[PDB]
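Produce the entire structure from the sequences given, and follow the hints as far as they go.
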Amino acid sequence: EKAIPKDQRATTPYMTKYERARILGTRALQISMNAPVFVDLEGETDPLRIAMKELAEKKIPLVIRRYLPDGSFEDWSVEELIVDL
Amino acid sequence: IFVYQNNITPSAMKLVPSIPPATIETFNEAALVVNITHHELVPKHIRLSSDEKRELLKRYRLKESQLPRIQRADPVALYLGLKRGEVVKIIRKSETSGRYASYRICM
Amino acid sequence: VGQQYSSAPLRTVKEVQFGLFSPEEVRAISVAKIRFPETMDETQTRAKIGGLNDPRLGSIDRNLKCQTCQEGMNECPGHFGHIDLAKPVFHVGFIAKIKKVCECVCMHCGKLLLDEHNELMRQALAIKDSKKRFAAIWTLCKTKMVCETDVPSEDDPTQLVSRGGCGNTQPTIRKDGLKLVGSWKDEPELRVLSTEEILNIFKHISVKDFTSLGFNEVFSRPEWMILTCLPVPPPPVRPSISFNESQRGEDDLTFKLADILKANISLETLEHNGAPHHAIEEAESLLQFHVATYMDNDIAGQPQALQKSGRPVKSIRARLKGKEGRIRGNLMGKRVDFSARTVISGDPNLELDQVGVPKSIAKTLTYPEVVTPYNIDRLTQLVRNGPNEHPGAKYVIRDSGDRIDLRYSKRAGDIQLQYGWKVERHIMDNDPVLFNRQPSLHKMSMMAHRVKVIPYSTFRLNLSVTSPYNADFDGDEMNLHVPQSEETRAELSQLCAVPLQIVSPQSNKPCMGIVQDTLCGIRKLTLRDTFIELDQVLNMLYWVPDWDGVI
Amino acid sequence: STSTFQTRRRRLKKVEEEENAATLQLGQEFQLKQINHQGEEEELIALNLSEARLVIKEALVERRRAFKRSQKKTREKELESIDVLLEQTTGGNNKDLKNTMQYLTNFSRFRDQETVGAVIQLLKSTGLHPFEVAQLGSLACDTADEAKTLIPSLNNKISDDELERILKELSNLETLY
Amino acid sequence: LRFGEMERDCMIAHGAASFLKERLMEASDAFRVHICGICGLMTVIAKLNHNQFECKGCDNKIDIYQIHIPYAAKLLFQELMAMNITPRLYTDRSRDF
Amino acid sequence: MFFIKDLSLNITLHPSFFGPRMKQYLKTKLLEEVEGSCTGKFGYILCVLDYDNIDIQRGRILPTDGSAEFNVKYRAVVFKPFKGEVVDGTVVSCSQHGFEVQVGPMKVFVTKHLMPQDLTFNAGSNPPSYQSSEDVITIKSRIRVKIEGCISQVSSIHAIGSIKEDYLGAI
Amino acid sequence: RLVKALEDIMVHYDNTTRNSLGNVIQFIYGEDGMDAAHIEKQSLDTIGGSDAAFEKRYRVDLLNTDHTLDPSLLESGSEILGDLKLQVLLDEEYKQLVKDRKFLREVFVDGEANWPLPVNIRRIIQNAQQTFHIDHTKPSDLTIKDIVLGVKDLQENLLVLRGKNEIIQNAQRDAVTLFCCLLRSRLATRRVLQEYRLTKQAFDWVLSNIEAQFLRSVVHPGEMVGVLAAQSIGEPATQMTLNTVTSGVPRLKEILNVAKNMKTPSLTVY
Amino acid sequence: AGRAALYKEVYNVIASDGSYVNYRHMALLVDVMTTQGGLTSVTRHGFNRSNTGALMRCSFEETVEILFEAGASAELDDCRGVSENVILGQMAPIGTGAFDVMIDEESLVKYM
DNA sequence: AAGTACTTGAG
RNA sequence: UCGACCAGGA
DNA sequence: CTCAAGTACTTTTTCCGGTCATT
Ligand SMILES: Nc1ncnc2c1ncn2[C@@H]1O[C@H](COP(=O)(O)CP(=O)(O)OP(=O)(O)O)[C@@H](O)[C@H]1O
Ligand SMILES: [Mg+2]
Ligand SMILES: [Zn+2]
Ligand SMILES: [Zn+2]
Ligand SMILES: [Zn+2]
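Chains as they are written, first to last, in our numbering: chain B, 1 to 85; chain Z, 1 to 107; chain L, 1 to 551; chain U, 1 to 177; chain V, 1 to 97; chain F, 1 to 171; chain X, 1 to 270; chain S, 1 to 112.
Everything labelled a hint here was simulated from the structure, so no lab data went into it. Do not take every clue at face value.
What the hints assert, rightly or not - Computed cross-link-like contacts, BS3-like style, restricted to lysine-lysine with a CA-CA straight-line distance of at most 27 Å:
| # | chain 1 | residue 1 | chain 2 | residue 2 |
| --- | --- | --- | --- | --- |
| 1 | X | 200 | X | 56 |
| 2 | Z | 63 | B | 6 |
| 3 | B | 2 | Z | 63 |
Said to hold, decoys possible - Listed next, with one range per pair, are the computed distances between beta-carbon atoms:
| # | chain 1 | residue 1 | chain 2 | residue 2 | range |
| --- | --- | --- | --- | --- | --- |
| 4 | X | 269 | Z | 75 | 45 to 55 Å |
| 5 | V | 51 | U | 72 | 36 to 46 Å |
| 6 | F | 73 | S | 5 | 52 to 62 Å |
| 7 | X | 127 | L | 467 | 27 to 37 Å |
| 8 | L | 411 | U | 61 | 50 to 60 Å |
| 9 | S | 9 | X | 84 | 53 to 63 Å |
| 10 | B | 9 | X | 91 | 18 to 28 Å |
| 11 | L | 68 | U | 72 | 53 to 63 Å |
| 12 | L | 271 | V | 51 | 38 to 48 Å |
| 13 | F | 71 | L | 1 | 19 to 29 Å |
| 14 | L | 515 | X | 91 | 48 to 58 Å |
| 15 | L | 273 | U | 25 | 46 to 56 Å |
| 16 | L | 377 | F | 73 | 43 to 53 Å |
| 17 | S | 9 | Z | 81 | 49 to 59 Å |
Stated by the list, open to error - Far from chain B by the CB rule (all over 10 Å, computed), these chain Z residues:
| # | residue |
| --- | --- |
| 18 | 6 |
| 19 | 27 |
| 20 | 55 |
| 21 | 76 |
| 22 | 106 |
Think of the CB as a built atom: it goes at the ideal place given N, C-alpha and C, for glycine as much as any other residue.
What follows is the structure, encoded as structure tokens:
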């Protein structure tokens, strides 16, 4: 079975430009789909602006499955990933 | 290694695979006058052991096909008596990294 | 997207298995028996004939009525039919590979002309690559002009070992139009190899042998390169061009099939009736021609199968052949909705990352926003503003899934927006949009910009973003694309935005700097002789939107 | 639709499986050797009426417990008691599970888990298909002729006296009412 | 407007995958077909109001899925089939690699 | 006959349900779909076992609609009838054509001619019976039948049975 | 053609550059694993100049009264003289700088010292001075250990490839080879103290902001490296025509077509 | 040494019109023609003949013929290339789609 | 126009 | 409502 | 029975109103 164990992960401990953009879009779409929000919308209304607060607080409950060319993959949480970008 | 002057009979040259496991290699004198490996543009090619190779493919998660290939007929491959499937580690100099190393599977 | 709910699970294509249609399959896949060259008009009646162009197939006249499958037009795809050919005919495309397979196998017992016995043959068979293995095996067997009964043994060449039986000299096969002719041998015997002849020889080629050649036991047998049962594409493929009621008008592909069916009916009558034997070869070659001509009409042998007009006739090959072809013109690039284009003009009072959108354009393009408690109150004021006011909306999309045209709807004044509905609203200031200028030879030729709804009919754009687009304002036009998803919006604003595109990776330097007036004036402003008195200095400072407030 | 455990795909090959019987040719789905949650090999699980009734009870009972956890912040009489648990753990619209639980309660041979497990130990030492092993625990038979007529798979698989020794131990094992 | 091949290339360069899809599908061609899970063809005589699916020929009335492909891709495959070429679309994998 | 089968189901959640009690809705959803279902492949899916250890797995979010898809692997009690399978059942319906018998969730119809000759119809009774020299078969009587064949009529399975053979009939 | 040839080539989460077949094209993007946007031309002052001027610039000899770090450059300057243990450290330091010089003169045979590299070190030092109001009057708080060992440790953190094995740890070592040459060139014990006049405080800031900047500078897995490259060669060629020995568009055609009979075959003989 | 010479010549046709291209791009085109073991022309004759996807190759220069030989030799397309996904109207495994997005229930209950 | 990919034909 | 020619724009 | 020459084939930048015939 393909799936690298947490302890054996080797990809950038930092979130990619492409990663952040898909996380930010996915949550934006979900917040707009009437999904539950894990942050205080402090007068906020735009779902991307909301999703941004969620990623800032690292309270986005999604995981990136980084697939390697052999099919095997590493799972990284948005909580795990460093956001220097 | 058989170093001939001008030619070898097509009759005689068709006796090379007649003695396995052993192997024969034909070389023209004029071709060997200059060591092509010594030229500016020719980097260092290095033969990988069955294990060195096995490890490379493991560490890069590669199928033999996925590797860049060196032709059997290749001047450097001929210099190192490279056999189908043998891998060479090519250490070149980079204007970008300083040193970059590639690999080539034999043809 | 295909419209209406289906209980079937939604999946993504992960593999595409190419093969050939076996006659047996063509018959099973078929919904109608297709036997009359007449499309429709069940003798005068404006209804389709139960024999071609819906003898059950797809649909016409926007009738759900489509062989009980209901659905109709946007929903029902096509439904394939079939037409059993009177004689086997070659497929134009495989005409050469058929020849090359004949050049490899014994034209009498169907055994590969070369065996595991020939040493060069063992080497060719050792090739992993399906196409390269075929190539090497052909080059080898083309030479062999006899199906050997016995070949010398691997040990001593003194003692011969028997392989596949029968002697027989093999022909030297050559093409003559859409026919294959041999040359067996003072003076040779030269005859045409029949489509049926080739077929029964191919039908005799063993799995081991034909899989040693390109072929696959399940997906593509050599025998399937010859056509027996023709698949009839449904109307959605070959639409009837109706230019009123009485004005029928059928497609080119419909004419060619009718012609094949016309040619078939003749060949079958000659056979099933008083066989004139040498008139049969005439009607047979005509069928070969039409079946050929329908799939390819840009064939080497001169007859262009011209439609009586002086027009050649669009083959199926011609339909897909690149740039305008189905691949390059319909799939690699498409015409798109949520698009706009007008003359561009330069604005120094715009932000680098803004784009001036003419109110006309802002009022036609639309972003579908989901009715969420966050927007619910604003969205209602847009719906109530309607499609004519600037901040307004064009349609309300219900939970039920049905469009409300606020332009007409009797309830356009009303509408109590429930959550989960969508409001297709006019583009507003600060929406992400993809802006581009053709020819698009750059990552930079298309950049994401914030909207700024302005009056007057041009796209106004900051002058320093002129260089990446390579645009001038001498009557250049530019394209605008409106994303429809909240996730697609993010894509633009997070990767494609102009500020991001500033430093270019092709040159490892910034692809936009200060240009023209501002560059000429920055030199003038700078130089030691330039001094500014208080009255003007203060205006200069106010102009900086981020001025600290410090003189 | 609910997806299987076995993944033996039919690449183009139309040809479907032969008929099913007591030639013990069940489906491809119901083979003897099959794929476990862990991806392990595991023998087919076939239950007899009573082995089957207790399993369903066990699940719903522990589901009613899970439904009471989440909501924090004698045959004639066994039928009514079962029908009450169904009203509490099942979707109601499960008309099949009601008829099945009534059938199982009015057709089961062994009431208690002890008597069921004893029957399970008894039969699962013959080395017959879980089919035969369950059928033997399901249909009440007197003769080895009776048994070997109804379960005609058994025919050469067991001795006539041996099967009859089991049949007569299953009788002494039958629960009352 | 024509979102040309060039225009596609830029979107690729950028990495805007979901956008490229929205352009090519949602904002154009986007269509839904029912394909068979045995012979991967657009056969399936799917009467939706009745919830009947069936691919006669495969006899299969169960192993049927729904895909979203550009209508012109539907058209392409139909044209290839008309030319005796079987462009079988499978929703699973085999080869691995 | 009653089997325990290791099965899966791909349920597709919607973003509104991406809340603290998500698992609960998925488990509850699996039951909606799967429990009380009937396929030909596995037959009647009667009851999902071990509600506590139902494996939900990590769900993947589908592009262009945040809805997430989870392959909910589970284990259930199934009933799949077979040819030659001998069943014990109760009479339900009874006409001049024969009688239907309830076997678990499924019904097995026993044709007039799949019965011994001596056993003949009696319309003149409430309820209508099938009377023999010894036996009497009516709407509440218990029977033992051999399944001669099966048919998968949508969300059900029906069988045709016989009580003609030895050791079969009334109990 | 260039686009259709390169489409499918991208960087994978393993820093390897591969096509739709997963066949490796480059083992690491552009032989260095760096995003081309994050690259500025920077000199390598170890390449050029006389062998004398080099020794002046980088040699510190705590065992020679004339060639020591003056006690006006660092606080420890007085008690540092004769410290054979620290001279051991400073010997390896210089020995490596000489190694570096030989290596760089090997790579760039012409002596060209201006090359595009990530992390503009000049700007970092330039800032540290304006940030920490570095007065070029008073002596530094840094130790020979602080500088020497600090730079040694910074290097271990300039990660491109993570792999815990030896093929990858050797690949890591290799991709940084040139940037480190630049790093050691710019942060020599002499150069840091005599030229830059850095306080320990400033040095740690420079050291962190190099690590920081380097890391950001690396390529992103997903980068459509294939298309990019095709447009990067493409656009120039298309503009080098649109505006009003074989060379230009015709020779480029020759090259891309791997044309056999080429128009101007020549052979430069040394 | 072929790669070296090839890059040298490419580089000079670009540097010929003053124009600067960052090494990597020319390096990549050069590396691509080369990896195969020889000099793979950027023509239908060279790159378009490789073991890549049928749908991908038919998207350039020899379209219908590529597809005909696809059927005649029962080719199987990975659907790994950009072109294939674009023909299929599927989110390509390109940049933003080079990874997958998952929801973790562990974290969904932790964030409340 | 410039490859390719073959036949066609001389020694 | 179909597509061919011609003439144009940056 | 090798290898020169003749044979055929397939490409050719990107987007963006009028007039004709006939569907
Ligand atoms: N046939 C063609 N194909 C593609 N693009 C074209 C084209 N003709 C013009 N262009 C576009 O227009 C740009 C330059 O053309 P123009 O704008 O008409 C000249 P200009 O910039 O106004 O003044 P100049 O002549 O002083 O340069 C090109 O770089 C190109 O992007
Ligand atoms: Mg212009
Ligand atoms: Zn239909
Ligand atoms: Zn023969
Ligand atoms: Zn099918």
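request  = Compare the structure with the hints numbered earlier in the document and write down the numbers of the violated ones, lowest to highest.
outcome  = 4, 10, 17
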